[PDB]
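Participant: Next come the chains, spelled out residue by residue.
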Amino acid sequence: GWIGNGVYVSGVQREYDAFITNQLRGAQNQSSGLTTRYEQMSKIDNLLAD
Amino acid sequence: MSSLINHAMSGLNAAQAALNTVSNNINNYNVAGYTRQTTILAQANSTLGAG
Amino acid sequence: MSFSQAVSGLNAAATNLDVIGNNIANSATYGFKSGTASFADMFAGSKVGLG
Amino acid sequence: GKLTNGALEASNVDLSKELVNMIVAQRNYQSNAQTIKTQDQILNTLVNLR
Amino acid sequence: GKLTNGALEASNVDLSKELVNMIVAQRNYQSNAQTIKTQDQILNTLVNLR
Amino acid sequence: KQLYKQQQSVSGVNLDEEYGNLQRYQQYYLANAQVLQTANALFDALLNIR
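Residue numbers (the deposited numbering), protein chains in the order written: chain A, 52 to 101; chain B, 1 to 51; chain C, 1 to 51; chain D, 354 to 403; chain E, 354 to 403; chain F, 504 to 553.
Hint data in this document are derived by calculation from the structure and do not stem from the laboratory.
A hint or two may mislead.
Unchecked claim - Sample of chain F residues at the chain B side, in silico, Cβ under 10 Å:
(1) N517
(2) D519
(3) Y522
(4) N524
(5) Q526
(6) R527
We treat Cβ as the ideally placed atom computed from N, Cα and C, and that holds for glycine.
The shape of chain A in the complex, shown without the other chains:
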């Protein structure tokens, strides 16, 4: 049968992962905690700095 049988497209995909993404999420969570504490602390420090 007609032998050229033109090209077709194999869907569309994205570039990312699940497990390493989840490790990413945990790291960001911890860092958020540290950021919260640092800013709250900086508030007391700014007054005490004076």
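With chain A held as given, fit chains B, C, D, E and F onto it using these hints.
Facilitator: The following block gives chains B, C, D, E and F in isolation, referenced to the frame of chain A:
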């Protein structure tokens, strides 16, 4: 064939990466530590055919 | 037949065109390798045969 | 062969060679078709001629 | 599904499909025209022969 | 931020790569245009022949 635009793309992105590296290094020049960072590149070492 | 010689050739040329069109259609299919077809002379009996 | 990773193998199709082959195939088909045409019209002339 | 507000949705009429369809179907138009002509030639032959 | 780099490397896009891809797809589309044109001329030449 598209090999030529591929050549150009390789060169473009290589220079782009090295330029980003040198920017990082030049702005970081006085961090408390931070030895220089150097970029390394080499031939495609492959990717050739007829001849 | 002279006519058959031509007809056969025309037909074969259609096949060549088909394979060429497929070559273009694959012109970016990853890992793909290009194609072409092969002819032969339909000499038979004597003279030129049929094409 | 050796393995390369983070890379992929392109098409070994050269578009330029295929373009020239395309036009040469035009010429081949045109030669065949026009030989057909000349022979057919002049034959019909003979088939009619009797 | 779900509704959108302040938006509109347009048709599926892509020129690439429809113009090429027009090309191939016009090829068919001329194909049937050629058939018609040759049938007319057949009758005209049979008419003129007697 | 380093893990942010990790995610971006896999998942991100940048302008130069899409510039090159845009040019390459320009190339492929125009090649397909050329082949279609040759097909049209081929079959119209046949029509002329007959």
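Participant: Identify whether the interface hint at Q526/F stands, where standing means a beta carbon of chain B within less than 10 Å of its own.
Facilitator: 6 Å, holds
Participant: Double-check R527/F for me: the hint is only fine if its C-beta lies closer than 10 Å to a C-beta in chain B.
Facilitator: 6 Å, holds
Participant: Quick one, is the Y522/F hint okay against chain B at 10 Å, beta carbons?
Facilitator: 9 Å, holds
Participant: So, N524/F near chain B? Judge it on the closest CB pair being under 10 Å.
Facilitator: 9 Å, holds
Participant: Can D519/F be said to touch chain B, with a Cβ gap under 10 Å?
Facilitator: Status holds, d = 5 Å.
Participant: Can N517/F be said to touch chain B, with a Cβ gap under 10 Å?
Facilitator: 8 Å, holds
Of the numbered hints stated above, none is contradicted by the structure.
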